[PDB]
Amino acid sequence: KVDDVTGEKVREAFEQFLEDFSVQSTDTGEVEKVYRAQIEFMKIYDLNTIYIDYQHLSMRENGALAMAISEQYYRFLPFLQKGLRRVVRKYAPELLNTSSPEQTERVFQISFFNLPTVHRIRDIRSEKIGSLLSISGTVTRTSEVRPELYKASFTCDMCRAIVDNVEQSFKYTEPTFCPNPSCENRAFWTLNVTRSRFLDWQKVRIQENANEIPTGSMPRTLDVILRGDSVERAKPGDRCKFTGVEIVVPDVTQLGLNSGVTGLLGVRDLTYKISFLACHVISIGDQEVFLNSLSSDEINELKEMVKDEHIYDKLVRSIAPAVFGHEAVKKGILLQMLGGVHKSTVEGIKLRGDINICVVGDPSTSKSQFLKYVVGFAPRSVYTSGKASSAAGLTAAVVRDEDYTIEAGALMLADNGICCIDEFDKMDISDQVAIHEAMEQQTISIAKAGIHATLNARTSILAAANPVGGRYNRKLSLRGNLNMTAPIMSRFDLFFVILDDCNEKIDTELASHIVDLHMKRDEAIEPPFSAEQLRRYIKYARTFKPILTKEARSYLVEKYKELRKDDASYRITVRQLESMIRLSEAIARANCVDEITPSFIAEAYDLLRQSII
Amino acid sequence: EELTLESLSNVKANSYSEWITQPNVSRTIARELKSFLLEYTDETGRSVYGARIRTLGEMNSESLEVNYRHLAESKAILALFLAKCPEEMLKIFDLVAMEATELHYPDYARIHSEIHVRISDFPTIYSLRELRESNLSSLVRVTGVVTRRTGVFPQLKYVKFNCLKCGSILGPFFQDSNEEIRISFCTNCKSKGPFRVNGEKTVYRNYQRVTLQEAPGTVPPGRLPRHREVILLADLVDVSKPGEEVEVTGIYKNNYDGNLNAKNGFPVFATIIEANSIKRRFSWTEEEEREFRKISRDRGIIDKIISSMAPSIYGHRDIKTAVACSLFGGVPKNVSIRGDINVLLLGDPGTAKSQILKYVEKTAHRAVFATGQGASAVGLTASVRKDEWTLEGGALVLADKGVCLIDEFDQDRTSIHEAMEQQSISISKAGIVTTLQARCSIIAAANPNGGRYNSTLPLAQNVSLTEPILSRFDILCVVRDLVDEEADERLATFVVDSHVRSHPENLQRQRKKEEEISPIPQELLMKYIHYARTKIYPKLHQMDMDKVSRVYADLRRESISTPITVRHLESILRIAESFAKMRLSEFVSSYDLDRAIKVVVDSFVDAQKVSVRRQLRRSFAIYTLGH
DNA sequence: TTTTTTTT
Ligand SMILES: Nc1ncnc2c1ncn2[C@@H]1O[C@H](COP(=O)(O)OP(=O)(O)O)[C@@H](O)[C@H]1O
Ligand SMILES: [Mg+2]
Ligand SMILES: [Zn+2]
Ligand SMILES: [Zn+2]
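Chains as they are written, first to last, in my numbering: chain Z, 30 to 642; chain L, 4 to 630.
Think of the hints as simulated: they come from the structure by calculation, not from any bench. Among the hints, a few may not be true.
As the list claims (entries may be wrong) - Pulled a few chain Z residues facing chain L out of the computed Cβ check, cut under 10 Å:
| no. | residue |
| --- | --- |
| 1 | 280 |
| 2 | 444 |
| 3 | 470 |
| 4 | 574 |
| 5 | 577 |
Even for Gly, the Cβ is constructed at its ideal location relative to N, Cα and C.
Modelling step: build the complete structure from the supplied sequences, incorporating the hints.
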């Protein structure tokens, strides 16, 4: 056959890079041949794929091998796999076989990782076709894993000659001429499913990131393909980097299974479609188990702010560092992010522990910046404007793809996390009702379109509206000062109503603060804690499970009685007591106390009292 | 020559199936399987499979139940072999079933030429997402909720054919249920050609497919639920209904189709499961029958039941009574007397009415819960879509003698109208006039006039429902957010205690957890309603019904004083029957009628609060509260 | 179904 002496040279260099790499940071520069050690671990677990750092092979042999493979990855891949099999035979001959009946050949997936750079979706070019690259972006769509037919096998339906180890092209391929020279069967190739080996496969769609080419352009999208262990390796709707080769997808319909090339196809033309074949995938976007996940210094820092007793106030201060004032509102953020203990009673009734906050401020109150910080600083956080939004896009949508199927809405896109709702006032009343039922149920059911599916839809909602007429009439009542269905009002945990004040001192302070925010830009802000530090502490608190206390039971019952008397009930109901308990849970989580404290209930009582105004 | 079971341990074959297909290997496997069936026994020593065969013949069932653990207990080698290559050993074990059944029931082939093996308790389990190509071609135990079901249509179990060229007859090839035959050749003349199916020789098996979707809870949070299709074959066809959670065990098969090929531009195969044994994941028993019969007593059994209604919800004892009566219901007397008890649960928002409705949902053997805004009147009634051309039923229709939980009170309104007037759903969709008998109880709830209840103006004025709608309710309930420091304190104590008891921190502890908030255990209660409705059929007391007549006449007189209807009398009778049922009384007693009178008189009192409430109270103090 | 000017 074709010598491809360069190919076999690359094979040899690749096996020598896999076995004689002789590099290891463990025990300082002491060489372990980390690829030989990875082969040893491979024997321990008997996987298929081999993780290969691009930088390792780059330092290997001056990176000439890295360059060659990175360009002609497609051409070199069979040689690389053959060399990997040779290495396995050398050191892990057991793994050389799949490893009872006969064990077939084991396929090894060379999933290179840690590439030098990531090229953006628009950076993609035909020049890179077949070259190993890495692409970043969020996963807009995915596919159910399905068994691509890697190696095919067919029984000759005229002589029974069985074929095997037939690689398939994009279109389902079949043997052309019977291997049995005596036989002359050119069709009738009953696929031997048992003999043939199928690899797992999954289509995945991604879109351009916001700060990628935002300049006057719609975010470009790419169809990457997951194979082998990579399948399902990443969750949907998350920014991740995919390393692999650029694959050109010919139209199978043209293959037969502007114009296109022809005269091969034969008379038929052929139109292509570029795509990407991911080899390795990396995402970039218990209390004791969480601590284990943390680094030693990270655990120390955790303990450090745990020891701090002002920690509560400093955290509240850290919230929305750019935003000035409205400290109670920042406290509301913190508490909602912490959430509350969700529980289902013995009777089974589910009791939500989440907190759905609502904000009613005049324009320019920076509520927009408020939500921007919230979502940006919040995982599982979705931001949307009520004025421009569709119910299905917000909760869930039904689409037909070969065939009726479903598409997650904002609630799904952020279920079990923050749900920012900007311009809520402008939001459609019917859509508001859809959310109402969905959030109250903590569940979304797609009854329509024939299908009757249902999804968890559990999450927290940060409603953001403006008072009717762009201004809150203090003479009027919250219910009436803003257009919104009262029952949904009942299930909004909080209502931060933002008013204007002519306090000259406050005006001067805020003006100076803004002007500094522009002068010194980032230098102006200085929260007590870093956002990553804040998130680590927050998750640690999430790990906590507050427990109610006898004194707390009492304090709660008297405080609820006092609230009922205060309204004496347009805004005071059993829902208010439920929110009181949830706020107590959130405060304890901020206090990182497994038990509730009447002080915590006092804080929550003051919070709700202020919300009442 | 045949081989030993230990010899079978040495697979010594290219594949597990390759080993199984070995002739002597097949003989050994069959012998061992028959040995297991006849020999393997419960610890009691009785041949569990012997009794299973006995029943199989008796019931004429064509599917034989099999427990995987039992074979794992003995002959586990065959368990592993089957797991690796389910199809082959399934066929062999089915023949073993032939032999085992015939010896105990000679000539059973007449009753069923064949039998189907039904493995059970398959240890390994995977979710739809868990499924992997490694899993393919092997048995898998999976769970989910059926999304859509197709009608049971016949399929060609066995097929002969006829070459158009000569084609007198072609072999009776067995259809695989996943692909066509496509012989693409003729034995009579060596070549291709149109191979007309031989209608003379062909076996037909019932065929069906139902889509299965991952359970919501099973879905990882944020993760998108996935669904796979599972083909159901004869016997297994039409076991469960769409929207029902189910677990199945079948071979994870697959096949080629250029459709997906072009769709994904890659050589990928569609994957499907051929169900071998289905399982849906309440019914009382003799122990519970006799236990209910004892506890059925005059000792405030009605009161105890009410106390166990919505125990998570404080007070509302009248509401608890109404919902209990609805759960048990009343005996219908067709000719067309309704037996259902339609109850509306009007209340101030956030008054837990939705929560008690959900409680009933959990506490209801069959019920339908829908949202007036989030539920479609079409989805309540029916819809038509291509299957092809087919219709589907509606939620109201889905409610068959089962309480129809609903709230948030258009097309839905007229659908209820037709429903309340007659418990059936007429429809002429696609120019096909027909009716769908729902015959089910209804439960309603809403906010008066979309705002805090108003004592002024009657209850009807406090709502917007048409008076017909109001009357056709067996009863109506009103809840008001009145403020009382003592009641508020009691409610707060109850709520905080509920949160504490429900807190995760707080199995054997369940007995202390229930805290006797419910006098009867909830499970026993659920079985109680089921057993009572199934068996208890109250008999009205004509002698007492005379006093009922004069009482209704008095109520009519007072309505003229300031509006009763025969519907009120029928509601009183129905709820008296329900009272009898709650205490497992097949004979209605005067006390049932007294409670019915009080309840219905109260439901009449809810009308016209500021107008007449006091006058009605004075008039009926003896009729409703006097005794 | 969802989005969508446009008229009714
Ligand atoms: N009697 C009661 N006992 C316990 N909780 C109650 C009671 N009445 C009202 N509640 C509380 O009110 C809250 C809201 O009730 P909900 O079912 O939403 O009423 P609605 O259906 O009117 O919205 C519930 O969480 C429930 O705990
Ligand atoms: Mg409710
Ligand atoms: Zn051949
Ligand atoms: Zn012929």
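Query raised in the report: Which numbered conditions among the earlier hints are violated in the structure presented, ordered from lowest to highest?
Result: Those not satisfied: there are none.
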